[PDB]
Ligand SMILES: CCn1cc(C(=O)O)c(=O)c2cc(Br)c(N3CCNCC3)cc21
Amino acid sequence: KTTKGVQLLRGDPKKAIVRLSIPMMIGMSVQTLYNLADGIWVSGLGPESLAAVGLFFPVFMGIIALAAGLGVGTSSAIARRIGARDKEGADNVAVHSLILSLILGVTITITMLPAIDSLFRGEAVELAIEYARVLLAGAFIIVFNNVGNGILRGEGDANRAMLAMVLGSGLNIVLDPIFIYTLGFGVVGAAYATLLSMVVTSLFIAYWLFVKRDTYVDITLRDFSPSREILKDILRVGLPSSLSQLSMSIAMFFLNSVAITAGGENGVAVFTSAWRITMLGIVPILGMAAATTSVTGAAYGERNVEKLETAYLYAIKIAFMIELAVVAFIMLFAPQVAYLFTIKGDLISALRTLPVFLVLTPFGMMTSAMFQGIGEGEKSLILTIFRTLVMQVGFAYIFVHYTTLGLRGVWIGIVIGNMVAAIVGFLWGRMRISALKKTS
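Write the structure of the given chain, one chain only, in the form deposited without this ligand.
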């Protein structure tokens, strides 16, 4: 009784890091392919309806923060128990996550749907109400698709985890222009096309989990008993993972207040475009970090610190080389990527200095992902708060008030901040593994 994905988790660590990250990269690239495609459809409906997307984007990110948080806590808890050969434990984690998805799904619905009217407080704001109610109603679907994605990812089944992302985003790209232009709906049709795309995805996931039942874990409600240990193991990583995304949103808010202080509206516009072009080159790191947590989690259950360190060091190396290629493409073609997002002269200066942080962040990303792998989410949150708020916002605040560097000083503050955060992150992860060796 074994699956192909469990072979990767229990097999070679470098073999698993490669074969579990490429499916995540392909899946997430299609997801970003939808956002860029959806960006050109909404842009053709004037500036009013485009502002409604930005009014719901932070609220939509709050749902993903809670849904992905429960998902990464599910995948790491399953990975640790598959490595330690705790079959009934891995089954008990999957069942808890599915029930908690229904609990967290309806909790987000009954708390955001009746209160979204007074949260956004013209035509742009009114369109955000209809855009929110379409997706807030299917909040349970979004959480279910994330806990289902974590179950497949937790047992090394990164293939079907990619299909759920490709089928979801691929159907969304097809249904996007049909609901916005071919039919009478406007930007509300974009949220409705995303809603229908997720309902189809949940039917495919529910078919794999409950009907087909060809996963490594066994999902049944017989003999189910809620366990305090299982709930702790999920929330030990799931709760700080949600707060980490909150720290990334707060950081972007504070960095906007620094960009407004520096370059005003032209300064915050350059920062928003520069922060959008660099954060699309970070997708390969996300795929590596997802595999890192699964592999190091399985190696942590196997009590094999040597296998855990090999994956932790191989993930940083592969991401470092991949980021060297994508940063070289952005910097050497800064004006060419500039006109693809509609003053471009200041943006070129940012696109040749800011993307350097893409090469430094694999040190803290995998360190945070290795902490999640060993089930110590509070240390991954501390590192994230130190990098996003203490270093990025910290140095960006110094390089604009006490040096007279202007909008340009925002980029150096982030890079210098990520330099310090990469050193303390690499030293903390290397020191943590040193303690794991003095315990086995």
Given for the second form:
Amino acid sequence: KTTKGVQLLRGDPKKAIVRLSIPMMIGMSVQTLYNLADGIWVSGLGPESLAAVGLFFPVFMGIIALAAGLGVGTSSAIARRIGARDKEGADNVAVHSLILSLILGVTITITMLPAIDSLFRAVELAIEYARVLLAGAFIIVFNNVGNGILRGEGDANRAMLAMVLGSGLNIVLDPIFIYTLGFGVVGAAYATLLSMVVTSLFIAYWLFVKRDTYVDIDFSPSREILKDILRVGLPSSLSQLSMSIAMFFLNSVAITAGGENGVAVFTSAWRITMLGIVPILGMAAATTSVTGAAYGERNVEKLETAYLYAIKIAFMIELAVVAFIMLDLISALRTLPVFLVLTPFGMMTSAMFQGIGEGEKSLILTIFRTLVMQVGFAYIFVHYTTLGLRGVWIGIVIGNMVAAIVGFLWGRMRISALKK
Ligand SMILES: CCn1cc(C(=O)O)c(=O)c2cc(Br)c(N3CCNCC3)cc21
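Could you please show the structure of the form deposited with this ligand bound, as a counterpart to the form deposited without this ligand just displayed?
In what comes next, the whole complex appears, and the chain from above leads the way.
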């Protein structure tokens, strides 16, 4: 009838925010540690292989964006059916998403793999890197969908295990296929492939075989469900997309402000802050589940409680994290991380927008945060001020301040509108 994850969402919102974020944090931690390590192995492979990276990166990030967004849409739609105590509706979303993962999965493969040979034309290495990655696009999507099912139910521990067993297998298999065996840059993708396959066997085990999930995988092709999944899924894909593009724009700002000296400082600072933003990414994922559950119950008070408690806790964790960092890049490690305490005020709001099904507002807030304020102010402090590399860090921090104020008020505004 019930499950430890579903009994968490339907109960004390303060306990739900905590008990669900912690496993998500550990999962995201290993995930970020992979990105840190995978970038290192690729670095030093030569200039030709790095040129191949920038060839497939816009396509690579396209696949990950579509997959991650769809998973969020799955998570959002399942949490809302759980809150409304709608079992058959919660079962229907899961089956719909798995079919959605199949269609979207094979579509990406059939629409890109034959058309990747012409768009690229270092080039040969990119096509091979594309070939391995595109051939397993359906696997990547299924993973995020199966992840969204668990994350939307409250199975934060089984979802944590997914990415931990996930990223962990890649941290190990990365140097093996890149250096020991000697595939090169393509070995990173082949490590990614082989890793993704193993975990897709573990997810299908829990879902289909073990049946430990709250939902039963009742199915009937409904338009309301399809509208409900894409309403959050589609804008979330553009959110992660613009987030990477912001990293590219900020890079060119670091190019103008300090040069190549220079850009290396920005890459070092962006690495340590990626690990320091994990408690926010881990809690934002938990917030979407709780607020979504609260939205289904039509309990605004509980929704407001969980949204305000997720910020307060994450704010004080960051105060601690900032303290870790405080005690060239050494100068920027004392001014830049101050944007990490402003971040939970904005990331939690967009996450609760996804929770209540309004993904469009989540996309607008994210664009304003990552592009308009972060890149916008950083470009301004570097082109119109005597400050060089230092002004870039100021712009990011001062940009987050504005995006935090707008985000928090917009969040409290819509929470007030949910009563009238
Ligand atoms: C070994 C599977 N895997 C490989 C990766 C890679 O090679 O870059 C991943 O980034 C990855 C990420 C997640 Br989240 C992840 N999870 C969460 C979603 N379900 C599958 C496990 C798995 C990943």
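Here, rigid core means the biggest group of C-alpha atoms that superpose within 1.5 Å across both forms. Numbering follows the first chain given and starts at 1.
Engineer: On a rigid core superposition, would residue 284 pass a 2 Å threshold for CA movement between these two forms?
Structural biologist: No, its C-alpha moves less than 2 Å.
Engineer: Taking the rigid core as the frame, does residue 170 move its C-alpha by 2 Å or more between these two forms?
Structural biologist: Yes, because once the rigid core is superposed, the C-alpha of residue 170 moves 2 Å or more between these two forms.
Engineer: Using the core for the fit, does the CA position of residue 109 change by 2 Å or more between these two forms?
Structural biologist: Shift at residue 109: 2 Å or more after core fit.
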